[PDB]
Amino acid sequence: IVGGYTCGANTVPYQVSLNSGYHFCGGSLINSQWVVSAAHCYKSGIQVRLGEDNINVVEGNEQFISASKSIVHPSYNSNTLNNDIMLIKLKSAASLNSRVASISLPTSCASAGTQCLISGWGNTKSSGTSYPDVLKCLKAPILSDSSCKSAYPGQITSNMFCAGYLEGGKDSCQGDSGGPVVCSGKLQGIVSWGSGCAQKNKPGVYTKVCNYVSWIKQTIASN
């Protein structure tokens, strides 16, 4: 399968579903008490759902935990989606196992051409509305900054990256907001935006997590 595929149950154990009566966004578990997501996913009364596969069915590996806190990045701009990152505290610590695991923070930024894993539940159709119910996966390289910016002129900042193919076809536009981009076992990206939807020269656009690591560590330790 060249593109969107079915991950397999609990193959991506750091993957979280944010629920407000429905699944509205994804997120990543970074330690037993904290989740990172996109700031554009900011909402009151979240329930964070861990160990999911089929989000409509109780399949036995779940943990359902209310969010106690959310902290949107102080420089988040909801017009440009610059600094599209938010931290979510769990009311109770999650219980960690094979299917519920934390993802490490990067120690450096990943380079262009690095193959990454993008995951989520969101829309599959470049042209229509089709929302599947088990965890979906995509493997794509990080594009060069040039390639990214020339696809979205004036719209890409240092705190963003693109991943995929300049011919489009395979993309995570609405492909599940808030969800992870993981490269070499490290969390590099957060599913942020993408003008169009898998259009020719319209990749996915991700929050460049490697710029925020000091913010994340300082903030979680203080909160």
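Shifts are known only where both forms have a C-alpha. Residue numbers count along the first chain shown, from 1. The term rigid core refers to the maximal set of C-alpha atoms that superpose within 1.5 Å between the two forms. What changes on going to the form solved in complex with the partner chain:
- Where the rigid core is used as the reference frame, a consecutive stretch of 3+ residues with C-alpha displacements of 2 Å or more between the two forms occurs only at 1 to 3.
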Second form
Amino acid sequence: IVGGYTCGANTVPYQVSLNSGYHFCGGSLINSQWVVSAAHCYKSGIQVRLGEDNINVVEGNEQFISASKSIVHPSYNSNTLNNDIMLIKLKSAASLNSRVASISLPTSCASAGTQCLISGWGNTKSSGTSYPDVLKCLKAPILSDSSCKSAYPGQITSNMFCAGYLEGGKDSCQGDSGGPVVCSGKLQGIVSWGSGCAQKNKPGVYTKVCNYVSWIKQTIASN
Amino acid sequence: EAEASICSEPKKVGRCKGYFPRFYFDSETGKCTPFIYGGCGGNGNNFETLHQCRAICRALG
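I've shown you the form solved without the partner chain. Could you give me the structure of the form solved in complex with the partner chain?
Below, the chain from earlier opens the complete complex, with every other chain and molecule after it.
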């Protein structure tokens, strides 16, 4: 997260870290046994880390749970990033508490101008190496479909939205992928892609979660 | 024998926002160098280990 702020320990209890010997992507807990992330974050033998703040220091209150299943959307395209969504089933249900809690799925899509919360342990600068210990947060508005398409000609599908700032300086970045965009207490977006980070007229692009609620429900119901 | 053309390709993080530690041959400094790849749309100048990079593209500087 570039241009954001320190969230505060466990203030985003649905935020998880995906770990392959190191943090490589974020995710969102949507119920006690299922996590939503990005399809490009697919790996085998993922360990999900819940209740984390400082990813580099053992606090004692974290939960580490192995993934039992990882299911990417059947229409995911790694070239266009259309349908960049994945579900991870936890080997066992997480213990729910003040530090580990599920985020609700939307019944309707969010509108342009809605302020959302974007979070993660990604790069905090637009060049070089500036990775945080603790979870970072950014308040960012959903941008109009028209401005999103103008920023990224021929690249925005009906399953994507832009959020952030056209002036630059405030964005998600490498390490944030798979993480939450939460608006009015609902998971509306997944950190997906952008042209660099926090660049002028290049806002972050996010998977449109409202389009996947039915698919999520059926996937959980069949696995 | 001339090295593969991949040694002349630029570093490409790509558009995705994952954290994938990789290596690339930097044709400006002349050395295999760590970088953070985003997870999609990379080119051939992108290796999982330092040795794998060096095997294809030896140090010039």
